[PDB]
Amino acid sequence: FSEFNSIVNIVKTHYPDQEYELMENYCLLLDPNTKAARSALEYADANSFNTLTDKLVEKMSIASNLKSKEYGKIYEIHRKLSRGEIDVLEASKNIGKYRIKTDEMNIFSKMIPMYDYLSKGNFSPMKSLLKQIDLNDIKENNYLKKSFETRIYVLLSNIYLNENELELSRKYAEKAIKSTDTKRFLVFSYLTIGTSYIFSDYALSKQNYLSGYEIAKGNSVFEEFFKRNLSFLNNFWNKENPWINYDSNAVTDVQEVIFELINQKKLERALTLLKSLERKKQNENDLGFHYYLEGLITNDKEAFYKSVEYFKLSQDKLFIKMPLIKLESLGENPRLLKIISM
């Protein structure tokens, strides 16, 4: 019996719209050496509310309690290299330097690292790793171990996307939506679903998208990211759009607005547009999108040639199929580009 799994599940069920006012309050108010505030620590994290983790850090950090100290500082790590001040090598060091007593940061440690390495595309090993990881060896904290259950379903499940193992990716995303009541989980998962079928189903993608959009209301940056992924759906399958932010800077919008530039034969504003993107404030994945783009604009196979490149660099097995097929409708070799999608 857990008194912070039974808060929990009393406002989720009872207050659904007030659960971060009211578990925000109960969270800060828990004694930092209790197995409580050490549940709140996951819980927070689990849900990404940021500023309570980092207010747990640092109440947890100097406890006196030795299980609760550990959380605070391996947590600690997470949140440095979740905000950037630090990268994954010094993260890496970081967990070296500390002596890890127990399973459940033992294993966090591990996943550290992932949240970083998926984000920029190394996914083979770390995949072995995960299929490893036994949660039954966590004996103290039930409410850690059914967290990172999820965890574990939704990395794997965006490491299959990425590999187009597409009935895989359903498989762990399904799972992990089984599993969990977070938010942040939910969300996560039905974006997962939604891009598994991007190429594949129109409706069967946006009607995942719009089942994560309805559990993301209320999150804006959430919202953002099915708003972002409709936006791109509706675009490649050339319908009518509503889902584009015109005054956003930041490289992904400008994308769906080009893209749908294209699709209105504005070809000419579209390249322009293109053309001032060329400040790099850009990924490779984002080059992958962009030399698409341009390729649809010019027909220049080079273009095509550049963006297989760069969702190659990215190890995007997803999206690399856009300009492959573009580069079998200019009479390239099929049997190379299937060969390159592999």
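Numbering follows the first chain given and starts at 1. Here the rigid core means the biggest group of C-alpha atoms that line up within 1.5 Å when the two forms are laid on top of each other. First, how it differs from the form solved in complex with its partner chain.
The comparison between the two forms, aligned on the rigid core, picks out a single residue among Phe188, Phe199, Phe123, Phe225 whose CA moves by 2 Å or more, and that residue is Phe123. Taking 2 Å as the criterion, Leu210 does not count as shifted between the two forms: its C-alpha moves by less than this amount when the rigid core is aligned. After superposition on the rigid core, displacement of the C-alpha of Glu174 between the two forms stays below 2 Å.
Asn241 shows a C-alpha shift below 2 Å between the two forms [criterion: core-superposed Cα displacement of 2 Å].
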Given for the second form:
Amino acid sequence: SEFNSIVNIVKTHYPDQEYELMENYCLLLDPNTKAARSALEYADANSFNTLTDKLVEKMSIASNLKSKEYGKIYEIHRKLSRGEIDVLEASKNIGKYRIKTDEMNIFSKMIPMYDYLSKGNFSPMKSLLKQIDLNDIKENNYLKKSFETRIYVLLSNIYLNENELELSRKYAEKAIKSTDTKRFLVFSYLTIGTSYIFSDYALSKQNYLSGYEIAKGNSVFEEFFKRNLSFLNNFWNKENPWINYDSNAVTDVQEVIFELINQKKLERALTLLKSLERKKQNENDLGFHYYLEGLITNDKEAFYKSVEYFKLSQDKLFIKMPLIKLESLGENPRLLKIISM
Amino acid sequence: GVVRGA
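Would you generate the structure of this protein in the form solved in complex with its partner chain, following the form solved without its partner chain above?
Then the entire complex follows, led off by the chain already shown.
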């Protein structure tokens, strides 16, 4: 509780300069100490990338064994997040390296989960989670606590994709009470926001707006809320100030295209949707792609196709969008239920 | 598209 005392001081007494103060104090610290090891978490759980990358360098080449470990493991995690490497090579590098610390045993498991979630590839997550135990960490109480929040958040997403919405919110809410890290707060609110998309427009917007407030300041955290607010509004067919028209990202384009649909410009929506079709996209994105086509043409093939991609993606929340459409075209309700489950 | 972060 050296590091912890330092962070708690800055957080309370100098709040709106936290990053300036904690940068200096982190970069000064000796790699070998617990504080430096504790600091690495602070840096990464906050997504302060440059600072995390700097701390990695110092710690990768260091006398203490634990610090050497942390350096090497976060080295992988940050190569994975920047997308220098794929999931498969990350899994090999954890298998190759021999993990001695109980903490880095726990953190190694969570490494791929981040990539899965980003890539829409939801199938592997559930199984990977069950093995982890948080009492295997009983050494460094700061690293123990942030990992609690990390797991509460990851599960909040896992149950979201499993279409266990009451549970998703439970876990996000847990995460919120457990932390005052912005990023964890940001993603808690994102996931509660997402959990209500179909349930209740109002509560979705509340949770997405409340997170949006916390996110302002950060270019990257804003973008998630803006994208989800676009989606929310386009799906409920409401006024939509959230759209970014100057983005090539398939998910921003997808938001444009969803907007024209709501404004009934189906020729222009069709043209642009065909331009996305062969572009690089994860399967979950194709889930939406064909759902969009289904709205334009009203062809069952599109909706059938959209279901197939969500099925591949194992996205049990968003599979219901094409399934509802298919029900309204007089498809056998029982067969559609079999798909939903 | 709907994004999810963790």
